[PDB]
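Chemist: The residues making up each chain are set out below.
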Amino acid sequence: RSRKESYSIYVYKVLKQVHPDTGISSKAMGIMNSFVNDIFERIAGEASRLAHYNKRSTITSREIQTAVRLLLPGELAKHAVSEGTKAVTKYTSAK
Amino acid sequence: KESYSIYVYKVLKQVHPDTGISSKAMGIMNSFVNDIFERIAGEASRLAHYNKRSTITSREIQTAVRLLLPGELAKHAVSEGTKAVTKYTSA
Amino acid sequence: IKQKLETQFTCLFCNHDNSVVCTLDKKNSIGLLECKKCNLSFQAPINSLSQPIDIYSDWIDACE
Amino acid sequence: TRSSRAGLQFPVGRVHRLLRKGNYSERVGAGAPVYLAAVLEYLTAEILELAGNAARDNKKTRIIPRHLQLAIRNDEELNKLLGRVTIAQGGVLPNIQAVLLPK
Amino acid sequence: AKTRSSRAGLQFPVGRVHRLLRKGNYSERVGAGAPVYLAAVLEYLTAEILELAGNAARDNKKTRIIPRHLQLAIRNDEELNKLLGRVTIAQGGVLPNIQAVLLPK
Amino acid sequence: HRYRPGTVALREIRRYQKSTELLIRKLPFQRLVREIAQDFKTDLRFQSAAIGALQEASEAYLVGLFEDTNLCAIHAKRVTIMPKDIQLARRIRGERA
Amino acid sequence: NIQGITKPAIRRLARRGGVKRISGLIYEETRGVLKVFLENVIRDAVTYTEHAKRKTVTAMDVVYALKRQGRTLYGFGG
Amino acid sequence: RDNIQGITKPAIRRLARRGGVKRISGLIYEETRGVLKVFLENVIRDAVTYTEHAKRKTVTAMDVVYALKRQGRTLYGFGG
DNA sequence: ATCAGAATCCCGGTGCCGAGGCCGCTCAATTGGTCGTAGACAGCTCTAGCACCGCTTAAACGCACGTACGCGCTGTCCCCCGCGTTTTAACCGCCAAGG
DNA sequence: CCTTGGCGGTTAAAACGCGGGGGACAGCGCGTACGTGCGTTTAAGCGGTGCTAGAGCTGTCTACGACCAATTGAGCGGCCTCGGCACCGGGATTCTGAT
Ligand SMILES: [Zn+2]
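Protein chains in written order, with the entry's author numbering: chain d, 28 to 122; chain h, 31 to 121; chain M, 15 to 78; chain c, 16 to 118; chain g, 14 to 118; chain e, 39 to 135; chain f, 25 to 102; chain b, 23 to 102.
Among the hints, a few may not be true.
[Unchecked claim] Here are the simulated DSS-like pairs of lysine-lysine, each with C-alpha atoms no more than 27 Å apart in a straight line: (1) d/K54 - d/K82; (2) c/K118 - d/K54; (3) M/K40 - M/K50; (4) g/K95 - e/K115; (5) f/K79 - M/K18.
Honestly, the hints are just simulated from the structure, not real lab data.
Use the sequences and the hints to build the structure in full.
Modeler: Here's what the structure looks like:
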């Protein structure tokens, strides 16, 4: 039996965080998995173009930041950059 | 940082051998060639990752050229590619 | 009316025996081989006289 | 897990693996997947937060995809993002040109 | 023939393309027939569009191809126009589109 | 007795903006799609989920193109659609040359 | 054939579009544009399955062909 | 300042004529200016962001090329 | 306006079914340890981006003025809405005679 | 007596039909916004000229990353429950038009 992938449990937990009293359909969970897929793919493609228009092959978080604020529209993007940056601080401040 | 200029000159002399060209015409042509190369190559990389094949042979390139260009161009291109495969494979 | 027939032929790819199904559509002269195991499919033209051994023969020559 | 060590919810190393097998670069840094995972996390938080409000509207408990399409089509920046996006069981805006309303 | 270009009888450098594939982060490995195949496709595309370029430049008694010639030759094609639909050429312009409601009748 | 026209149509617009269920039902759509693919290749057993995908994408596609065509006609100082309106909308999007 | 598309189907398409009043030649024009749409879609879908070396077009290939025409659709594992 | 009003009516005329437009209404020009402005807003935002990661205080032609390829309004001619 | 009456909304009701809990696995994240060069950085050099101005001139601006498509209106004529009437796509239960 | 064709029965969306009514289309007449010219004013363009951030380009050392054995428990495949919606009749209400 080949082991297949999903992101269902993760975003499921996130949904339980932001709304404890809320159910969901299974197809919509698949939709959100496809959503994460699509956003990830556009970001990664912008990362590869970041590489080739920078002639470098290392990926750091700075490239991810500039990729996100290339793709996403402004206000949403800046809030997301804030979330990611504070997470970078909280992780890399410890181990 | 190489452009494809004399390649264009030799194609041109193989087709309309009494024909000049401007500089920026060559620039637009090389822009064109790079765009086409990038689109096909990325589509082939999609073929690999959508098909879990760890490398790319000519068959992937054939089906990608099918996926990009429409009918007449596609069939003539498949013909030219297989003829090149044939003559390079013979020697 | 279409004919859905099971056969005792071996699939040329997955090698499972007694798992090839033949669907012969004589109204449109189109015969269809199907594998109940690995799921492959092969189409070939049929006449009015053909039988599951006729298209399975054409499938052996289409591979080689 | 690094996600817990980042105090977040998305698995880092799965993403670190997928960055490797995507031919995305030659080498992969340390905390770039953490940043990307947090980006994903806030995105899905915002989207499904509006979806939760959409379920609050209809007084439904389980999310139907119609809620999702509506919450996409209401917000500005999200709809400009997902302009070329459609969803099965989507539907559209309940919208009537009032010039075609009768008099 | 030492060079693979002479071994293919073509005009493009193949090992160029193979290094482009290697320095592309495209696949992990690249076979031997794919770069030749793609380069042949490229060479056909060049010759095919340069045919329409040659006729379109010859339409105006000028030995040199200008960008306006290229845009004309594209828009006068069907497959190339649906190819280049999102595409714009520098110094291009567009076709003569004089509507029939406009001529003095 | 007889109702006055235009009303029932808008009432069922308000009804049909609600359920996102598929409008074209399955079997004839499936036959049309099968009769089409056959023109490209033979012996191609379609996954039924793929058939539902085709159905979804086709219906949403046509609904949106109708929306733009309808707004074209509203701009055209009229209420009823015309085929030339579809030609105008397609000429803006760029399917046909 | 193509005439399996009923008149009230395209009417329902106008209704979910929200369109009020309907002309005549609309029907055949609709069937034509739908045909060309499905033609390009299923052509490159069968191209995908040709590379797949398999006799059934995957739903995955349908999804990826929609991506190839820039018509990205979620929902069915894409 | 006010270079948005540097857009001249005869330039809009010339663009309409190569655009093939015959008859010009008067309520068009500032609407045209606003659409042109929003266009160039998104364009130069993305180009400057590409140059932000470039760590060079000067934006190149290549940058604008890459950014407009990102919008899908992709233009040839200058390489990229 | 205004009543009658279609059309729709909306409230128990029950049922059934899949969302979600749950639980025992095992394989990739981890943990730790070992080379290594890519890049963060220091610093050199010359280009080019910038600012400025003088001279030239063609290009914009304002107005004079007719004028003619844009538009509000009109009559008209026709042909889709819709409701009614069959009616056939679609989908389960019996006679053939050949085996 | 047990099979492959060969005809037979729900029901429900689907095709006619008429009539007409309201909406599409030609005309009508004006009229007031707008092409066109002409003279008048202006700013843009071009050619030099200083001219300097600063990119463009080159050594270098490191640390973070590439990569390798244990380990291990979280993530995953299977099972199982119940209350969440899907529809159904009640009943009430709200559009809609004839009045
Ligand atoms: Zn098989």
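Chemist: Decide, hint by hint, whether the structure agrees.
Modeler: Against the structure, the hints:
| no. | hint | result |
| --- | --- | --- |
| 1 | d/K54 - d/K82 | 41 Å, violated |
| 2 | c/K118 - d/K54 | 43 Å, violated |
| 3 | M/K40 - M/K50 | 22 Å, holds |
| 4 | g/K95 - e/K115 | 32 Å, violated |
| 5 | f/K79 - M/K18 | 18 Å, holds |
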